[PDB]
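Produce the entire structure from the sequences given, and follow the hints as far as they go.
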Amino acid sequence: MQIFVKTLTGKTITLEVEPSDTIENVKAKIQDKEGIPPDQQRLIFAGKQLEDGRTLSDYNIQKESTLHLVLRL
Amino acid sequence: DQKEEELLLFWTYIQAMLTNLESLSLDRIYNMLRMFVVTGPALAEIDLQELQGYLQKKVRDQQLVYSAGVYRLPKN
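From first to last, the protein sequence lines stand for chains A and C. First residue of the first sequence: 1, per the entry's author numbering; consecutive thereafter. First residue of the second sequence: 745, per the entry's author numbering; consecutive thereafter.
Since the hints were made in silico from the structure, they are not lab data. We put the beta carbon where it would ideally sit given N, CA and C, even for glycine. Hints may be right or wrong, so weigh each one.
Claimed, not checked - Away from chain C, derived, C-beta distances all over 10 Å, residues of chain A:
{"hint": "1", "residue": "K11"}
{"hint": "2", "residue": "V17"}
{"hint": "3", "residue": "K33"}
{"hint": "4", "residue": "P37"}
{"hint": "5", "residue": "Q49"}
{"hint": "6", "residue": "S57"}
{"hint": "7", "residue": "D58"}
Stated by the list, open to error - In silico SDA-like links for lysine to any residue, alpha-carbon gap of 25 Å or less:
{"hint": "8", "chain 1": "A", "residue 1": "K29", "chain 2": "A", "residue 2": "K63"}
{"hint": "9", "chain 1": "A", "residue 1": "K29", "chain 2": "C", "residue 2": "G784"}
{"hint": "10", "chain 1": "A", "residue 1": "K11", "chain 2": "A", "residue 2": "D32"}
{"hint": "11", "chain 1": "A", "residue 1": "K48", "chain 2": "C", "residue 2": "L768"}
{"hint": "12", "chain 1": "C", "residue 1": "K801", "chain 2": "A", "residue 2": "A46"}
{"hint": "13", "chain 1": "A", "residue 1": "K48", "chain 2": "C", "residue 2": "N764"}
This is the structure we're talking about:
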């Protein structure tokens, strides 16, 4: 399924994922697309920072959802 | 929980800003929100219309005044 990750530049990247993918794995796919190390990525959805060990389906993230990426140092 | 606590941090931040700058358009407050996102990322999903609605609650509750296309705090 398809999800979107919007960065603070307004750049929107699109991701191929499955509901069972971890947040860790989503950040690995972001790294593949932008060269951003996973430890620097905060992913935001429904007013929360998403925990690496949990899955998309744990957060009820459906296809076409937008995550927001905010980086740290 | 996260969004809500950080929205409170943003409001405090904006009141100080308004106290010093006297007034602020919706658009400048939005630009301030987008910069603030780096400090509290739980606000990342808030868009311009949602910010407007948030500021309008404050206007209804008389914590902001709106006229001349800009927001102001009541004089203190």
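Each hint, compared with the structure:
Against chain C, the non-interface label of A/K11 holds: every CB pair exceeds 10 Å, the least being about 14 Å. At the 10 Å boundary, the C-beta of A/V17 stays outside the reach of chain C, the nearest C-beta of that chain being 19 Å off. Consistency note on A/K33: stated as away from chain C, and its beta-carbon is indeed over 10 Å from all of that chain's, at 18 Å minimum. At the 10 Å boundary, the C-beta of A/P37 stays outside the reach of chain C, the nearest C-beta of that chain being 17 Å off.
In this structure A/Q49 is not separated from chain C by more than 10 Å, as the shortest Cβ-Cβ distance comes to only about 6 Å. Distance to chain C confirms A/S57 as a non-interface residue, since its nearest Cβ pair spans about 20 Å, more than 10 Å. With a minimum CB-CB distance of about 16 Å to chain C, A/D58 clears the 10 Å threshold, and the non-interface call stands. Taking the CA atoms of A/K29 and A/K63, the gap is about 16 Å. The hint holds against a cut of 25 Å.
Of the supplied pair hints, the one linking A/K29 and C/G784 holds, its CA atoms being roughly 24 Å apart against a limit of 25 Å. Simply put, A/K11 and A/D32 have alpha-carbon atoms about 16 Å apart, close enough for the 25 Å limit, and the pair holds. Only pairs whose Cα atoms come within 25 Å are accepted, and A/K48 paired with C/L768 is rejected, the gap being roughly 28 Å. This hinted pair checks out: C/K801 and A/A46 have alpha carbons roughly 21 Å apart, not beyond 25 Å.
Straight-line distance between C-alpha atoms of A/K48 and C/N764 comes to about 31 Å, which puts the hinted pair past the 25 Å bound.
The structure fails hints 5, 11 and 13 (numbered hints given earlier, in ascending order).
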